[PDB]
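As structure tokens, one chain now follows by itself in the form deposited without this ligand.
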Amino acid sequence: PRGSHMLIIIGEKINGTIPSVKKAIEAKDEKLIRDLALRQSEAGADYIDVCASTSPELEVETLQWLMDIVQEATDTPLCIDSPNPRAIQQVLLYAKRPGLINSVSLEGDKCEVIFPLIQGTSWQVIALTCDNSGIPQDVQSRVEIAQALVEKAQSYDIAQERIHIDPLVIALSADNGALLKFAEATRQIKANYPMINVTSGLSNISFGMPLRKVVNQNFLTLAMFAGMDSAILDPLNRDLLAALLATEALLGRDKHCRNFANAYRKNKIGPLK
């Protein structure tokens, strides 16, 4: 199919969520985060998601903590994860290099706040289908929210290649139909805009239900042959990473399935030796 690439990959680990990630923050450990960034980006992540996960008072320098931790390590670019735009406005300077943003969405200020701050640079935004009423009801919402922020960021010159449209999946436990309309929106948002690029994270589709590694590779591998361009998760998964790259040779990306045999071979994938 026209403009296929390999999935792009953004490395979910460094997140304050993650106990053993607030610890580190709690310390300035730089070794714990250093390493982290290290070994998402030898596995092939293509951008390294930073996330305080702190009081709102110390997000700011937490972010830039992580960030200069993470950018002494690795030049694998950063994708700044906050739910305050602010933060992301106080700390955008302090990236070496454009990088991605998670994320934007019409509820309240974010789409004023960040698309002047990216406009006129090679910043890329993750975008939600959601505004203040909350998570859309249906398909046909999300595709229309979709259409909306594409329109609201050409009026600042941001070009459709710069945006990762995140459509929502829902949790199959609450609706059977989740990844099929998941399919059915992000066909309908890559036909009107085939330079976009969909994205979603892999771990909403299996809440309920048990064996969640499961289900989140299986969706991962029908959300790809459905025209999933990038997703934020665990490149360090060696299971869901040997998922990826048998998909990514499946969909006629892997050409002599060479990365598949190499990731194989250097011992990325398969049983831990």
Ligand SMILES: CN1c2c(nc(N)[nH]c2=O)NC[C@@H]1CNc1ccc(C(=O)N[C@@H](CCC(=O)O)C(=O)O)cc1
Contents of the next structure:
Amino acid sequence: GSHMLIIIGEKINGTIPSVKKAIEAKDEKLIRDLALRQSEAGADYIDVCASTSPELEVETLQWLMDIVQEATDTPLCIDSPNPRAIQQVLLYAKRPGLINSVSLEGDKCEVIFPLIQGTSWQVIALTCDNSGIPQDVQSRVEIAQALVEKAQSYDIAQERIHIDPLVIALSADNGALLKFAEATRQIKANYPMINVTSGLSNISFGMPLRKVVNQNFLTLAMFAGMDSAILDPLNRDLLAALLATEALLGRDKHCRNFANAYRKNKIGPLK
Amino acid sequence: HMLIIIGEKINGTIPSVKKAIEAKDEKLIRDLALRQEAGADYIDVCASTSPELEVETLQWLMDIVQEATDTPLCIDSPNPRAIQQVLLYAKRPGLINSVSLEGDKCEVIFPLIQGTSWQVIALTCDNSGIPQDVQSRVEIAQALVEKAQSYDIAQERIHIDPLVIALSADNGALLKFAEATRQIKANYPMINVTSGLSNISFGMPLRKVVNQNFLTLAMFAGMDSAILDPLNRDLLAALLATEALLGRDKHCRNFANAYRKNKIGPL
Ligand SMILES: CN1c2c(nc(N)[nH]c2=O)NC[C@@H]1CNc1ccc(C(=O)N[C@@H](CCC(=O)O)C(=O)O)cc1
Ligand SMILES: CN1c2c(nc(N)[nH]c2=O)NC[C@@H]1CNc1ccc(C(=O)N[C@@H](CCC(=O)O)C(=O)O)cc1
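Please give the corresponding structure for the form deposited with this ligand bound, as opposed to the form deposited without this ligand shown earlier.
Zooming out: every chain and molecule, the one shown earlier first.
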């Protein structure tokens, strides 16, 4: 039961020097422009990540959430490695979006799951635990099962969950995409209504022409069954690959979306 | 295994090549042969002239190509008699492009190659034309392999081309390509499956973008060889990145070496 890839726009992230500077400077215009441009490029969710010191995170996420929601109604994806921070900002969202993320580490599921029980929030769940990020397929598939079982005990349906198998660098494991595809097959076999999600950038660390590698990884992971991804939709070459691959996978009737993005100059040479 | 690359550029349909043929421009043909350095395993040669000029044209292109490179020839003609008349001009065995169940293509070509090391591209079509489903193509592939085995031609010498059709004509074109490839290689694990890239993107804009993403998807689906333009640097980067992503480039070295030599990446 296939569907277009769900795009989580990654650009409002304080690890990016220009955004860290905008947060320090309180430059709303930059954040507003990234929210709007990503929405216009087709993002389904706008990721927001403070990447500041811990005791500034909550107030910075609230500031980012305010600016994004003034500019656009595209729902938020709240990105924090600190579940307490997510808890403290969830009420600032005007509508339900995505929480990024829970995992089996520490008390992430004990904090976040009661937080979204009975709501329409969706959640990204990473296949990692207190021992770290496993490289092998079996361990990640077992973590996903445990996460889905813990979510079920708060009445969170599989359709609300996006499992992120945390693909590692191809230079660290040349089987990284093969394992990604095999974990995706096994997870979806167990849970046919679940989503599988990934970032695009980790795969190319340690290789030249990262943008080339990331774009080929996207195409392969889409064919392997990826449902959502955290990516940069302002990258015109990546967007042309995404839309060509949607048409090649039979998901763009009469190739109309591809033809329209070309006609509007969203992809191809900048006119 | 790494994808087998049949370099497509020496084809008289391309106006610069047509003109070089008419001028006897040797340098232009040698240069395409030698540059297709880019990794080609076979150099396609296709005259694309009138019927009565094709044999002498092919002999000229084969002569000039083999002066430039020892990379073997892929002799591309729709006329099996032309292939018969030029096979002896090759200095070493290569690929014949192509046979199919149409007319007498198998009956002319297979006796010439029986007991030799020549390989052959075999298209899934017959006298009624290009087939109208996946099943028909898989059944034609089975008939081609059986005809070939009656001349002692092993499956590893055959590259079955399932003749992918334009995505704008049928939005399932790649889904069906991948299904036929999976079924053919299930029946015959030692056979190769091959394709051209360009047909898929007919009637769409940004055809090079569509061709490149079709390459990456078809490689994951199991394609073994492809006739393509390996002088297109963006296509070669995608081809090499996809080889590394499919676990076929140990420590991503071929990719890193191609970047370090400026074979891919900004000029
Ligand atoms: C680890 N990634 C990740 C995640 N969240 C989850 N669940 N999974 C993930 O893999 N959150 C953080 C990051 C995804 N976000 C980002 C954000 C920006 C860039 C980045 O490098 N941006 C550059 C280059 C963009 C491009 O290549 O087009 C930029 O200049 O904005 C990478 C990842
Ligand atoms: C039908 N294609 C084909 C085949 N043989 C078989 N077995 N299968 C096939 O699909 N032989 C002919 C052709 C492949 N040959 C070619 C040769 C050149 C171009 C061509 O359009 N070349 C342009 C564009 C190059 C590019 O996109 O990089 C050129 O300028 O060279 C297309 C197909």
